[PDB]
Amino acid sequence: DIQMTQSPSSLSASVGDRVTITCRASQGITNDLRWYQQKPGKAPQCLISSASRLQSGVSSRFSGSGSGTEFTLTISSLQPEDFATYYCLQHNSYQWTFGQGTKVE
Amino acid sequence: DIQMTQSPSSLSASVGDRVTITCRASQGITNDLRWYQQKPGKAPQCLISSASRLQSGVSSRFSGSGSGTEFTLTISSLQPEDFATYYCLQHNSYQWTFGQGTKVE
Amino acid sequence: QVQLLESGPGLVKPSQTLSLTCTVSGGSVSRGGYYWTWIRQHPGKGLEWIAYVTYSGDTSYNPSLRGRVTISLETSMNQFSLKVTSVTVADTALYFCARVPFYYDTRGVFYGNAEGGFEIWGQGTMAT
Amino acid sequence: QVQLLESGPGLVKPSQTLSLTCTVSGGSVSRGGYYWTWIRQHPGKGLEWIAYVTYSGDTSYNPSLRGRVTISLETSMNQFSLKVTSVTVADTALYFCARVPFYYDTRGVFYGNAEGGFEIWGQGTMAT
Amino acid sequence: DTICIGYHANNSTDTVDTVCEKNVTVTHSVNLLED
Amino acid sequence: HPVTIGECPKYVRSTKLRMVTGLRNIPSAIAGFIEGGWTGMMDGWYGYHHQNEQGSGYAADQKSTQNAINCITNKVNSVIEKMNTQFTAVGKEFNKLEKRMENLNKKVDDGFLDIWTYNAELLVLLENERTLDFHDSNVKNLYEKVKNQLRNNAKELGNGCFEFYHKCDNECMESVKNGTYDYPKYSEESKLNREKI
Amino acid sequence: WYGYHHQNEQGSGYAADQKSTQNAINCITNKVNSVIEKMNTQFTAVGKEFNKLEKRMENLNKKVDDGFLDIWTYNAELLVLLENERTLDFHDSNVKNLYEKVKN
Ligand SMILES: *[C@@H]1O[C@H](CO)[C@@H](O)[C@H](O)[C@H]1NC(C)=O
Ligand SMILES: *[C@@H]1O[C@H](CO)[C@@H](O)[C@H](O)[C@H]1NC(C)=O
Ligand SMILES: *[C@@H]1O[C@H](CO)[C@@H](O)[C@H](O)[C@H]1NC(C)=O
Numbered sequence: 001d002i003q004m005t006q007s008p009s010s011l012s013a014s015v016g017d018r019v020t021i022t023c024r025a026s027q028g029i030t031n032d033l034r035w036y037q038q039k040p041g042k043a044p045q046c047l048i049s050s051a052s053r054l055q056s057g058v059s060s061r062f063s064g065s066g067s068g069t070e071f072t073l074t075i076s077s078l079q080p081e082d083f084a085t086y087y088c089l090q091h092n093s094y095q096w097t098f099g100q101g102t103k104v105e
Numbered sequence: 106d107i108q109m110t111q112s113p114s115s116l117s118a119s120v121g122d123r124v125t126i127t128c129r130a131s132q133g134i135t136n137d138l139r140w141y142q143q144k145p146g147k148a149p150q151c152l153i154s155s156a157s158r159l160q161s162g163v164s165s166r167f168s169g170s171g172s173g174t175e176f177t178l179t180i181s182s183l184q185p186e187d188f189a190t191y192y193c194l195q196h197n198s199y200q201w202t203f204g205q206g207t208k209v210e
Numbered sequence: 211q212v213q214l215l216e217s218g219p220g221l222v223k224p225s226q227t228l229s230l231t232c233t234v235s236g237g238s239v240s241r242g243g244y245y246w247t248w249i250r251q252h253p254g255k256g257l258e259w260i261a262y263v264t265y266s267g268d269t270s271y272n273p274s275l276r277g278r279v280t281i282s283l284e285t286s287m288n289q290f291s292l293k294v295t296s297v298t299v300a301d302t303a304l305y306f307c308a309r310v311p312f313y314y315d316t317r318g319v320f321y322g323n324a325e326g327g328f329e330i331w332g333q334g335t336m337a338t
Numbered sequence: 339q340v341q342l343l344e345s346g347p348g349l350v351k352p353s354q355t356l357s358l359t360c361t362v363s364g365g366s367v368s369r370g371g372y373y374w375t376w377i378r379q380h381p382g383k384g385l386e387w388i389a390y391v392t393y394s395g396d397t398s399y400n401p402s403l404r405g406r407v408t409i410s411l412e413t414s415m416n417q418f419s420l421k422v423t424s425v426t427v428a429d430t431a432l433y434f435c436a437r438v439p440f441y442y443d444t445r446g447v448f449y450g451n452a453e454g455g456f457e458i459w460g461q462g463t464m465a466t
Numbered sequence: 467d468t469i470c471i472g473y474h475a476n477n478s479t480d481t482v483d484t485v486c487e488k489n490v491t492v493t494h495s496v497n498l499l500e501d
Numbered sequence: 502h503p504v505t506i507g508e509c510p511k512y513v514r515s516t517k518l519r520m521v522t523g524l525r526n527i528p529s530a531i532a533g534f535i536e537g538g539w540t541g542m543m544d545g546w547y548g549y550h551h552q553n554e555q556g557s558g559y560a561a562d563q564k565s566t567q568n569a570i571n572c573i574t575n576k577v578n579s580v581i582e583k584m585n586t587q588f589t590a591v592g593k594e595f596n597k598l599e600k601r602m603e604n605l606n607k608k609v610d611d612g613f614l615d616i617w618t619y620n621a622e623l624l625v626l627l628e629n630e631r632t633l634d635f636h637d638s639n640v641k642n643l644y645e646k647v648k649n650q651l652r653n654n655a656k657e658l659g660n661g662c663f664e665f666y667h668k669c670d671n672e673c674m675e676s677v678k679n680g681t682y683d684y685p686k687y688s689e690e691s692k693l694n695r696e697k698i
Numbered sequence: 699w700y701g702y703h704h705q706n707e708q709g710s711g712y713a714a715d716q717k718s719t720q721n722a723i724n725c726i727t728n729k730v731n732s733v734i735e736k737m738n739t740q741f742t743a744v745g746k747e748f749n750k751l752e753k754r755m756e757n758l759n760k761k762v763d764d765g766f767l768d769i770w771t772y773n774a775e776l777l778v779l780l781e782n783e784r785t786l787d788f789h790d791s792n793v794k795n796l797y798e799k800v801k802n
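Protein chains in written order, with this note's numbering: chain A, 1 to 105; chain B, 106 to 210; chain C, 211 to 338; chain D, 339 to 466; chain E, 467 to 501; chain F, 502 to 698; chain G, 699 to 802.
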């Protein structure tokens, strides 16, 4: 069971600031991480797939990097529509584990 | 010890003549012969490397040919600045032997 | 324009069968290269993965939920289903069905269409 | 503009040590793909090869001079040196240092510069 | 008693464009363009 | 700028145009070409690493490196020679009542230079692929040559390497590296060491 | 695109190699992107008209318009054909390098 540690679990920033959400892995996740964005009263959508690559319909402000155990999700500039809980999901193993969630505020 | 026999050891020609300097090998030298040229009071320079290929800064009058035991160095037209001793050096083996030297006159 | 539509019971007694279905509209569920996934979320908590299914046949379920839940792929009616047995207090959640693609494909070199490579999600149903 | 400059004693007694060095200026001696070679010429006679050294560490000598001479590559000081022991009458010669490249390269597809593929020579030092 | 078949690698950071791959780091390269 | 007089390079609308004249830079118990490239190989592009009783060291193959240099030099020379972009020397001016000929001149000047930019860029990327495949084939043909020389006297460890069943000295290692190798001399010792393993 | 079929005591089934298929997708998407991006055909917007005493410039304009379009047609067809051939060899080498990996 690859258990996923995501920090910081509570985050607060203003409009125009830059934050970095880091998700840490127990075992070695070889570029098999999906970043999610769950806005309240809305189904989650994927922003980053394969730990670095932007999805379609997702703006270029979001970025992902990292390999192995450590991964980073950087938002370049927070907008007022960037109020959501962010999750990290691994799919290297056949059992998938989500992160506990980082809610920006 | 791959021995170099180079003929003719004394050569004389006028301006505009064509000569041919032949260097013979004991064992089989497979395109690993360097042709040298020292003008009196001057360090030697390489004319032909890999037994056929002209070096840089060397005019197209000089030419080299041959494979195995027999090699030839042909000067197409002797100029007055072509007064030098000509050597053949093998580097097929790890022990390199120079020729005895052919001084054109 | 492939959409996932969920039908749920909405009210089940404890120690019963929670039968959920996720109907795929606008596309086929019988296409290879996707994880037909079921994700639940406890109220006031985070997302929890349950199971997936693939038209090849592979199914993977959570280690906390190996024996309890089962996931099936109804090829003929264009839907996939999740059935939860022995419903408890912790089983009430916001259930999402998803189509997680195998590969990152922006042009449809594998998928065949540009909208094949997209991760679509169900809007969510609530079970109690 | 790589130049090879030689420093020699110029006067050695018989049965002594001839310390010859060849300083490479305008380039690096710590570049692979070259034979850092030492050629001597007896006065009124022909060219005689003495030794070479590479940056890898390959080293060869003349069969007449296997045990007497040694060649070294000073990577930090950008030079290579030849040391001759038991100097006799036949050791009095005009000594040349040279950079014989491994490959015929007029373009620098290996060397990296068009001037890497060039065979350059020292002007010569005289030992008696 | 081992022998092996290998190739050249160094500290060069020359990046080239292949058709199916971008920014391929190569050991040696030439520039064709004057800017 | 397109308008050049004298002995001048041809104009392309390129920001970067680099030819591969080498292998891929993949750095890295010294194993062969499956694991990666050798940093300690410097005297060539292709070569060998031997380990035996006397010593261990890298030895480049000068013949295959020389033939690779011979094709790569001709590739760059053909890139230079095959471009026949014609030089613009003046630039033509037109008055207010010659707009159709002005647009035709701009169409020709912005068509030919776009075509030659495409041709130069396409030739560079295609022969970059051909160089990067040619180097892989040149390492694999060297491995196949050492395999065909060694035959059943060698145990492959995977990873581009051979372990001899018999015992070789520098002169044997140096013999596989050279093209001459005596297979029936070490055949019986290879049979005895293969039966024990 | 590439993968495995296993037969043993427990069961039999097909399993895809997602890493080699993803790297093959990574070159094939870049091949399609390079084929789209490299063509720089300039757009004709109006079409020029000429009178009766401008036949030489009329023929020159049709020569330019029917030369550039033929050149870019040849360039597009040749690029698509060559990258089709490289794709069909790339997939064969990707299966063979997978077989060589399982053999090694
Ligand atoms: C590699 O190292 C050498 C050592 O001096 C240096 O000159 C060269 O610039 C380095 N190359 C790169 C790309 O850093
Ligand atoms: C390649 O490098 C350039 C500049 O270093 C960069 O702009 C570009 O995004 C890179 N492309 C890829 C695919 O990494
Ligand atoms: C190298 O090759 C030559 C000719 O190909 C042969 O005569 C010689 O025995 C070989 N081995 C050594 C160690 O020189």
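For the record, the hints were derived by calculation from the structure and aren't laboratory data. Mixed in with the good hints there might be a few duds.
Here are the computed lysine to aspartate or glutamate pairs in the EDC-like style, where the Cα-Cα straight-line distance is at most 16 Å [to be verified]:
id: 1; chain 1: A; residue 1: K103; chain 2: A; residue 2: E70
id: 2; chain 1: G; residue 1: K729; chain 2: F; residue 2: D615
id: 3; chain 1: F; residue 1: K656; chain 2: E; residue 2: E487
id: 4; chain 1: F; residue 1: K641; chain 2: G; residue 2: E798
id: 5; chain 1: F; residue 1: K608; chain 2: G; residue 2: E798
id: 6; chain 1: F; residue 1: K600; chain 2: G; residue 2: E798
id: 7; chain 1: G; residue 1: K729; chain 2: E; residue 2: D480
id: 8; chain 1: A; residue 1: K39; chain 2: A; residue 2: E70
id: 9; chain 1: F; residue 1: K517; chain 2: E; residue 2: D467
id: 10; chain 1: F; residue 1: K668; chain 2: F; residue 2: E689
id: 11; chain 1: F; residue 1: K593; chain 2: F; residue 2: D611
id: 12; chain 1: A; residue 1: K42; chain 2: A; residue 2: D82
id: 13; chain 1: F; residue 1: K668; chain 2: E; residue 2: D467
id: 14; chain 1: G; residue 1: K736; chain 2: F; residue 2: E689
Okay, the hints, checked on the actual structure:
1. Note on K103(A) and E70(A): the hinted pairing is violated, with a Cα-Cα distance of about 19 Å set against a maximum of 16 Å.
2. Between the alpha carbons of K729(G) and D615(F) the distance comes to roughly 20 Å, so the proposed pair goes past 16 Å and is violated.
3. With a C-alpha separation of about 35 Å, the suggested pairing of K656(F) with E487(E) is violated against the 16 Å cut-off.
4. Proposed proximity of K641(F) and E798(G) is supported: the alpha carbons are some 13 Å apart, at most 16 Å.
5. Only pairs whose Cα atoms come within 16 Å are accepted, and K608(F) paired with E798(G) is rejected, the gap being roughly 53 Å.
6. Distance check on the hinted pair: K600(F) and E798(G) sit about 64 Å apart at the alpha-carbon level, beyond 16 Å; violated.
7. A distance of roughly 22 Å separates the Cα atoms of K729(G) and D480(E); the hinted pair therefore is violated under the 16 Å criterion.
8. Distance check on the hinted pair: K39(A) and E70(A) sit about 25 Å apart at the alpha-carbon level, beyond 16 Å; violated.
9. Restraint check for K517(F) and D467(E): the C-alpha separation of about 46 Å exceeds 16 Å, so the hint is violated.
10. Taking the CA atoms of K668(F) and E689(F), the gap is about 12 Å. The hint holds against a cut of 16 Å.
11. A threshold of 16 Å between alpha carbons decides the hint, and for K593(F) with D611(F) the separation of about 14 Å falls inside it, so the pair holds.
12. Taking the CA atoms of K42(A) and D82(A), the gap is about 13 Å. The hint holds against a cut of 16 Å.
13. About 7 Å separates the Cα atoms of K668(F) and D467(E), which keeps this hinted pair within 16 Å; it holds.
14. Using a Cα cut-off of 16 Å, the hinted pair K736(G) and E689(F) is violated, with the two alpha carbons roughly 61 Å apart.
Of the hints listed earlier, those the structure fails to meet are numbers 1, 2, 3, 5, 6, 7, 8, 9 and 14, in rising order.
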